[PDB]
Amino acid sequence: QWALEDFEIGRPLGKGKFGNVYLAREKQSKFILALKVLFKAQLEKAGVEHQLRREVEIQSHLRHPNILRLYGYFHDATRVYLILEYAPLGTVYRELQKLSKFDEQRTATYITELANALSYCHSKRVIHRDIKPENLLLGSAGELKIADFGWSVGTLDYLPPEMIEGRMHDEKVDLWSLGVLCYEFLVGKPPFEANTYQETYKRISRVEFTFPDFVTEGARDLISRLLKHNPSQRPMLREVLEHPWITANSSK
């Protein structure tokens, strides 16, 4: 359907191994969006084309206020293009670097936004597995929007013990993540951060994390509950939504 001569490319939005994303405007519509630009070259080099049109599939058939709309796609000779919803306020990552850490009410809000988002996906039997801040865009409202689905069905920091060890994994993975994310939001760095892959593997495996003093009790409560070694003991997104520190602090 869409070609490249339908668009006016604008300021670049991002880098990344496979190419760039650019702000762009749909010529006949004046519509604003992001163009992710990827090569038929580099795709088949670091072989992933499977995962691609999977992401294409998944982020397509999906609809939710906290999932980045994917509108479409197209390739030429040299490359493949992704027509994305554009998210004004950039990444949760950058806001973090900027603020170095978020307050409880912010954290909690995101968590909800995130929970529900995750909820919709689980409802449609989709697991994301890679919900890192880098992957979390912000809408005009400032609302969590979840990009990327390359690994929807590398750094370990966000992976749970099952995945890391090589074992059987179901949708509970995302609850581990939500826990990590949650910890990161509040503390500024993730609970299992190491200087090497190897240390991280162990730290994660032994679920070794600690809290700085300023972490309110209820926070600890929720993260601990989410960061259980055993998938089974992990809350339900429901309970997560219904947690008393969530609902006491979630502005949304």
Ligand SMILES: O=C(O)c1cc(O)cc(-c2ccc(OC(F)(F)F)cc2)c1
Given for the second form:
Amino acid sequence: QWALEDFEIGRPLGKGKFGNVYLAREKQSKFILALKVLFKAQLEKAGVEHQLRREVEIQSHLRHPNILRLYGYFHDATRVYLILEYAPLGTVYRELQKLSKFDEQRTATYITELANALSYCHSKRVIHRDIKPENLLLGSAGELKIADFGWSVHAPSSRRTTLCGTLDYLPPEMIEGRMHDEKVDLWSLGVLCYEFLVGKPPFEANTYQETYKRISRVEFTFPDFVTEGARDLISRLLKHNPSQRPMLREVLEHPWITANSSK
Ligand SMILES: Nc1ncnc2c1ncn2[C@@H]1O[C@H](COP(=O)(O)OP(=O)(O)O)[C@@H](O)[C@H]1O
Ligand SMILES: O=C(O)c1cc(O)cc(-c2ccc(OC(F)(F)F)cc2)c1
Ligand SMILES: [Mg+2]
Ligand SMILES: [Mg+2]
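To test you: the structure above is the form solved without this ligand. What is the structure of the form solved in complex with this ligand?
Starting with the chain above, the whole complex follows.
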């Protein structure tokens, strides 16, 4: 049972669609953590309260080295605060802006830590449904951590996520409002793997309608530098039919993954 007075607040860490996440330290400990702030009026006006409940219940009951930790929460008259584990190395979005592209070793390592975290989620029938570079955080030893369980749910489901957000990481069945399962996170894993190596997602366009067309028709091409081992993995993950998508153990055991991942 914490309160705002139990914390010393520092600089902002990142911007959220419902308030910023700030760097903070607990007075009696000097322990460094992140405080996600959400404004009540915005939650109420949007009708996000039920999804915020799912975010807090699901995330707090997960324990994995590649998943961000949710310690607890508290609220006042105008805001809701989420006590998060601090990720010292920032996002994989920022790391991708610095390094225009990632090499095969970085990608295979990140995809390995990502598949390991998703298997733990999928073992509890939990699906993230919002895997994008801004929600992938780098912990103390440079390891990946899955954050923002804002759209996480228990499989199966049909709930609409982005009304007009980034469609780039969403599978065809999600953008079309169809029934979806664990296979949605496998599509996001392929888009992520393509983006890590190329610099941009495979269905990127300057119009929501063109992106919709390109993802529903699976219209993408690989630039010259993409290796046959990466081309195979990406093409296996990015299939229209969710049943034709591989299992997480086949991604972890893929020849191109095992040849470039850091044990
Ligand atoms: N634990 C954390 N450590 C460091 N930065 C974080 C942490 N949690 C969030 N951030 C930063 O805050 C941004 C928004 O946080 P996020 O939880 O994704 O909120 P929203 O769901 O509102 O988008 C992230 O993209 C990242 O830059
Ligand atoms: O008490 C209030 O006035 C209020 C107002 C609001 O808009 C949202 C919430 C709220 C939602 C989820 C939550 O986390 C959960 F309880 F689900 F874990 C904790 C507080 C509380
Ligand atoms: Mg986010
Ligand atoms: Mg969110």
